[PDB]
Amino acid sequence: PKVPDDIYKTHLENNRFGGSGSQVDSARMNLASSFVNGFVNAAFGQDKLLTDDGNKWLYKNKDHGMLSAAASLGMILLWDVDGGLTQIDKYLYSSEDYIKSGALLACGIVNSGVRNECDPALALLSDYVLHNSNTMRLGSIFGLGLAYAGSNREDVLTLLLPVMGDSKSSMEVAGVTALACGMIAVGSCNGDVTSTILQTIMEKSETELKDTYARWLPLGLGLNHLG
Amino acid sequence: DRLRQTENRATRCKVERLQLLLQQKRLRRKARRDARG
Amino acid sequence: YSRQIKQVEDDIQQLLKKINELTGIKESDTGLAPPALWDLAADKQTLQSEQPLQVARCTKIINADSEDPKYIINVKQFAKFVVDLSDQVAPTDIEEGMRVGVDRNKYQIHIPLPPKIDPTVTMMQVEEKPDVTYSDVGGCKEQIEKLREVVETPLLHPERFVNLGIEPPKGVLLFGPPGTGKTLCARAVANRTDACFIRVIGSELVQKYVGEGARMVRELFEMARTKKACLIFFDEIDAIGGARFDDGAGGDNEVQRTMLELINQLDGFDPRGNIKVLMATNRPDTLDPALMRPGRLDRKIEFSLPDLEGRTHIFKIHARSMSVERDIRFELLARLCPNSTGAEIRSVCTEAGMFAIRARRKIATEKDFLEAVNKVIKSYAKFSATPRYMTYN
Ligand SMILES: Nc1ncnc2c1ncn2[C@@H]1O[C@H](COP(=O)(O)OP(=O)(O)OP(=O)(O)O)[C@@H](O)[C@H]1O
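Residue numbers (the entry's author numbering), protein chains in the order written: chain f, 342 to 568; chain u, 378 to 414; chain A, 41 to 433.
Certain hints may be false.
What the hints assert, rightly or not - Cβ pair distances, simulated, as ranges:
1) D496/f <-> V364/A: 27 to 37 angstroms
2) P131/A <-> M370/f: 52 to 62 angstroms
3) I52/A <-> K343/f: 51 to 61 angstroms
4) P131/A <-> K343/f: 29 to 39 angstroms
5) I368/A <-> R494/f: 49 to 59 angstroms
6) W78/A <-> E547/f: 44 to 54 angstroms
7) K343/f <-> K418/A: 53 to 63 angstroms
8) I52/A <-> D496/f: 50 to 60 angstroms
9) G137/A <-> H352/f: 54 to 64 angstroms
10) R144/A <-> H405/f: 24 to 34 angstroms
Note that these hints are calculated values from the structure, not bench results. For each residue, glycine too, the CB sits at the ideal point set by N, CA and C.
The shape of chain f in the complex, shown without the other chains:
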């Protein structure tokens, strides 16, 4: 069925073992609630206002959680490129950068492994790749590489090349940019190798502190051509 929603609701038997129940009162568990409407909604389910638990929580706290729910929406309509855009549209118009970025990531997720003649992933995500902030800037590109991974199109790859050449403070963003560029193409990639190694010398050579820096730019070099 479209709404099984049971394994979360299976957590009913364990409450009366060890004494009193309902001791779980944290907020991070609501993140798991995303997957409760997220993971089950794979294989072509639908949640018409059943993401309301995610909706008001997207209006409650956790900026990263708003991004999380809005990205989990793209798991919903995986491979439904023609119907999924109409369900995501309502979030592209959000007053929250986290929800809008998660809706851009959802548009990327829906196209992952499907080459549609209308290029709706490239055509919607392009305008956000160099965006002023980060929610729409950083997450503006991850779905596009997911949409255009196997369809290794170099034209939009060139469009995301100057993000390495942005030279802005992108300590988290340039790393995931190397993830997204390598997602399109890694290994024997002419522009992606050069852009990463030059940016590595430009910032990461003078500061090598945390694994955010040099665990994503090495992923952009040769993971696709590992065979």
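Knowing the structure of chain f, use the given hints to seat chains u and A with the ligand on it.
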């Protein structure tokens, strides 16, 4: 707030155009199958 | 090359057998595991088993007391005396019928008090579901649905029952032809369940002494009521109680006490509540009417011998695996065996496959199924276990 209103209006007209093109392509695909069967 | 085949592999596999043994130098346990993993915590986390925690042997609570705690403690038979244990937990966890970890001189509280039960009933939970489904049980579909709405929606969503304000039925008997019937669909029930599935075979409850069966029934009901909902299966209740028929010298009282006390336990004075029980036997006419009372035996699932359609369906069910020349005549096979039971039918297909593999064949034929059925149903017709048991007498 004005920049975001111009941005969301540009996005809208891009999405409304993409939905029309996807629907037109989907109808052409279907018309080929329904003519083969 | 052929007789020379045995010159390349040995030169490396014997060497393999040398280095694998040379790595295998952590063995000869006789009460151990690989000590790189057995004694993986062979550091100080061994010494903290000694100095932080001390013995704290078991105990038994006897009686409470006013104001300051001064509870009375049994050990097991050692001594029966009054202390206050300690102060690291609030004095509200002490109830009679419980066991604390208590020292011999300091009498520390240590942990709160769990109940003590027989290890046999802990072993008696099966925690394994056989690989049988609700699809591979055909011939009793209305029996199937009658047991579907006993062990599902109470286990699933209760809002329907709450909305209609109706308490679900509890006591359900499932019964059928002797030999073919309730057991394998009970395995299917245990397959499709989620909570615990406590097995009870009726023959084991009889003990050397008198009244122990009452004690283990009390213990199993207590450990069942530790759970929110749990399933109880009963097999061959005919031996665990027929009827109170005592005359002159006492006859079969030792089991009578057990059956009557479980009858007291099922009905009256704050019952198990959310515990679903079910029983299956071999002869129903000999059961006691008090056990037959509704509230303990509300539903009466009765399986009969399938007429034709169930026979055709079970012929489908057991025989999707053997080789045949495409076409079959399974319906005429079922017509050939009118009064035939399901395990008999599976035996027929088994012996047909055995006849096929007699000399060299790989696919049985229609005449092979004929050779199965005639030497099953009308060559072993002398016993067949049916006639004195279809009257259940
Ligand atoms: N509907 C059915 N479809 C297929 N096989 C069935 C069906 N009903 C019974 N059987 C067969 O019954 C056999 C075992 O019967 P089962 O033991 O469950 O019956 P019973 O009445 O509980 O008797 P007993 O436990 O005393 O043998 C199995 O071989 C199984 O294939």
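Checked hints:
Evaluation of the 27 to 37 angstroms hint for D496/f and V364/A yields a failure: the beta carbon distance comes to about 59 angstroms. Range check, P131/A to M370/f: Cβ separation about 34 angstroms, and the 52 to 62 angstroms hint is violated. Between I52/A and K343/f the beta carbon distance is about 58 angstroms. The supplied range of 51 to 61 angstroms therefore holds. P131/A and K343/f have their C-beta atoms about 53 angstroms apart, which leaves the hinted 29 to 39 angstroms range violated.
With their beta carbons about 55 angstroms apart, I368/A and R494/f fall inside the hinted range of 49 to 59 angstroms. Against the hinted window of 44 to 54 angstroms, the Cβ-Cβ separation of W78/A and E547/f comes to about 49 angstroms, which satisfies the hint. Hint check: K343/f to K418/A, Cβ distance near 54 angstroms, so the stated range 53 to 63 angstroms holds. For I52/A and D496/f, the hinted distance range of 50 to 60 angstroms is satisfied, since their beta carbons lie about 54 angstroms from each other.
For the pair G137/A and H352/f, the beta carbons lie near 30 angstroms from each other, so the given range of 54 to 64 angstroms is not met. Against the hinted window of 24 to 34 angstroms, the Cβ-Cβ separation of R144/A and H405/f comes to about 55 angstroms, which falls outside the hint.
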